[PDB]
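Read through the structure below, which is laid out as structure tokens, and then see the notes.
Left out: one protein chain. Kept in place: all the others.
To keep things simple, chains are lettered A and B as they appear, and every chain counts its residues starting from 1.
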Amino acid sequence: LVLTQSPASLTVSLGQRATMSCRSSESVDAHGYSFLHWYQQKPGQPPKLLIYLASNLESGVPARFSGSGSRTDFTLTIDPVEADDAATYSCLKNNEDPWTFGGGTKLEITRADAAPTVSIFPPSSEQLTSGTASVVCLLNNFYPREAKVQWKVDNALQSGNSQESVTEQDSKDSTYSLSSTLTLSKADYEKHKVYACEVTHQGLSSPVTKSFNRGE
Amino acid sequence: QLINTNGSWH
Partner (left out) sequence: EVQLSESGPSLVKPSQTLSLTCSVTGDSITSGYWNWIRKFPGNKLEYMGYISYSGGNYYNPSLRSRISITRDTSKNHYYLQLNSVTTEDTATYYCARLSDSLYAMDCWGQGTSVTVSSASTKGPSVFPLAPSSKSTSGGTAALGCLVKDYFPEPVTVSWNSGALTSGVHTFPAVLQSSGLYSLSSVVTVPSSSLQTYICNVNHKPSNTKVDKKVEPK
């Protein structure tokens, strides 16, 4: 129970107020200071110090960030929220042993729905010579994150032979991009003619099927 | 004006 962050995940619209709390379970106060700090962490970047000693704003950090907690209750406020604020925020306790980090608060930006632009890529000839086929389906710049991608090979629906990964929320337009990769052996690839990627999303009226015919 | 030893400030 050493350090509890709340909320675990957060979804706030632009220009609005986001509030997060860090629970200490025992006082981090010593010598008139609150040894609790707020860090912002973005993908592919080190943690960035926002608030040091509970309530002081670090140099170069916008005035939108503020802190005010005491003894065992701390709060980080972002107002107004900007598109660049989409990241994970952590509180650090360093008054005594042990120095610990909070689980983090994942803040997501809310925007108008954006339909994904669907693309499909047949496996390259260089890879087919090796003996493996990778079919890639791309969902580009969509919101919200939730989307369903289903592979249809000879009208049959595949399972367990595909993997997908999602990019992090874009810093500018708050969108997501997803790619689904269908991996088959060269033998299995040459047993079917039609490979289809069916996409279901909130921003689409009906599911979008992007497909191709082998050899064509 | 504060120093840290074994994690504790004093």
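Note that in this section a residue touches a chain if its C-beta (ideal position, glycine included) is under 8 Å from a C-beta of that chain, and two chains touch if they have at least 3 such contacts.
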| item | value |
| --- | --- |
| Which residue of A:15, A:46 or A:215 touches the chain not shown here | A:46 |
| Contact partner of the left-out chain, one of A:12, A:18, A:81 or A:92 | A:92 |
| Where the unshown chain meets chain B, residue by residue | 2, 4-7, 9 |
| Missing-partner contacts on chain A, residue numbers | 33, 35, 37, 39, 41, 45-49, 52-53, 58, 88, 90, 92, 94, 97-101, 103-104, 117, 119-124, 126-127, 130, 134, 136, 138, 140, 163-168, 177, 179, 181, 183, 210-212 |
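FYI, only the chains that are shown with their structure count from here on.
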| item | value |
| --- | --- |
| Between chain B and chain A, distance of the C-alpha-averaged centres to the nearest whole Å | 37 |
| In the complex, chain B residues that touch chain A | 2, 6-9 |
| Chain A residues touching chain B - in the complex, by the definition given at the top | 30-31, 33, 35, 94-99 |
